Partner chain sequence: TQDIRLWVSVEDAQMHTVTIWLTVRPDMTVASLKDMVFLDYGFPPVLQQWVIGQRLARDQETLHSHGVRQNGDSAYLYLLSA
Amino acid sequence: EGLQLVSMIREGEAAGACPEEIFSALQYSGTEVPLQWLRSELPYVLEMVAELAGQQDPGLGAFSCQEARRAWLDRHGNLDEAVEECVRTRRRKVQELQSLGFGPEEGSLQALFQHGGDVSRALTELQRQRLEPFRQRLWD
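Show me this one chain by itself, in the form solved without its partner chain.
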């Protein structure tokens, strides 16, 4: 097993080469790309999905790795479909929280990011952030 490839690919990461460029060059060279490296670059793809979703709709806040992973898996790695589903899913949750008196101005966008897009965990965090201002104003 010629493990020369992954060490050279790990050189490219050290020098700062783009994973897509490493992959595209290997495919143009007819070289078998090590599946272990592709699988290990999943976090890079999910960060790619998340920031593309942020570019697609500023004002929905930052997208979590958990939300990008669900969209990306559900769309079978189709990058454009994953970003669109990522955006549509988040907009639904921002509206769901909005319907409970928690809009973007109240910090719902940041609570959805901090909790991977779980509406239940975000609602509990937002309730706490309403309770602490009262605790410190009621005592002072």
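We call the rigid core whatever largest set of C-alpha positions still superposes within 1.5 Å between the two forms. Positions refer to the first chain, counted from 1. Only residues modelled in both forms are compared. What changes on going to the form deposited with its partner chain bound:
Checking 110, 36, 98, 56 for C-alpha shifts of 2 Å or more between these two forms, after the rigid core is superposed, gives a single hit: 36. After superposition on the rigid core, the Cα of residue 10 moves by 2 Å or more between these two forms.
Residue 66 shows a C-alpha shift below 2 Å between these two forms [criterion: core-superposed Cα displacement of 2 Å]. With the core held fixed, the Cα of residue 123 is displaced between these two forms by less than 2 Å.
In sequence order, 1-43, 131-140 are the runs of at least 3 residues present in both forms whose Cα atoms shift by 2 Å or more between these two forms once the core is superposed.
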Given for the second form:
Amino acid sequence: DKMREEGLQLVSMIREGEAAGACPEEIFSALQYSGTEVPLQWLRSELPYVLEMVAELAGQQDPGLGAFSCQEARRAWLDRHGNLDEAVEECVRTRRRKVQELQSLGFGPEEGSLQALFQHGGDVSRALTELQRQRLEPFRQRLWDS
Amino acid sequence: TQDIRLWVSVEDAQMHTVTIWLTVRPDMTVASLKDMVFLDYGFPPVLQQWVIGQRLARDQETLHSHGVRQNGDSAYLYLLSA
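Swap state to the form deposited with its partner chain bound from the form solved without its partner chain:
Below, the chain from earlier opens the complete complex, with every other chain and molecule after it.
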């Protein structure tokens, strides 16, 4: 019910020229959760390149930081009021800071830092949980074993 | 009271230790702590046993009451089974 109201707003992010940073995944998920489905490629081609550009550019600027997520792109984009060379620079800045937070919480790139960050929209808590959950899995499995 | 990173050792009936960090609030109850672990890691509250500040932690007790206060404070989680 609260998820419907979020779906509505998420879906509203593509009306005829709604200045905003729609992320194809979010909308795609809002519909799955709702009960239908719309091709993901079709959403990509309907939306501008803007946010992917921001992401590609950030990846170009430091390949040591792995792939950037749409949510991280949008974040920097909004923060820089649509200014695109400024979004790249802040997008990289924000991601760097995060990679060493995970590092200093015991997860560097060699341990999946980068993929979890991408996969969770640059959200550290959620990356961390995911990462800790992969390693706690044997324990989870043992709860049901013997 | 605001967010605290908590250094947790996790063990079970048999295994090896593992250590994880959790985000908590000193005014959180143990019941709430357990619910959070359930939700993220899938460990039923009923199979969770906690020791915090060198004392077993009960459901209605706050982390605060076990002296939790700063980043890097520690806690101990032991897991029962089936």
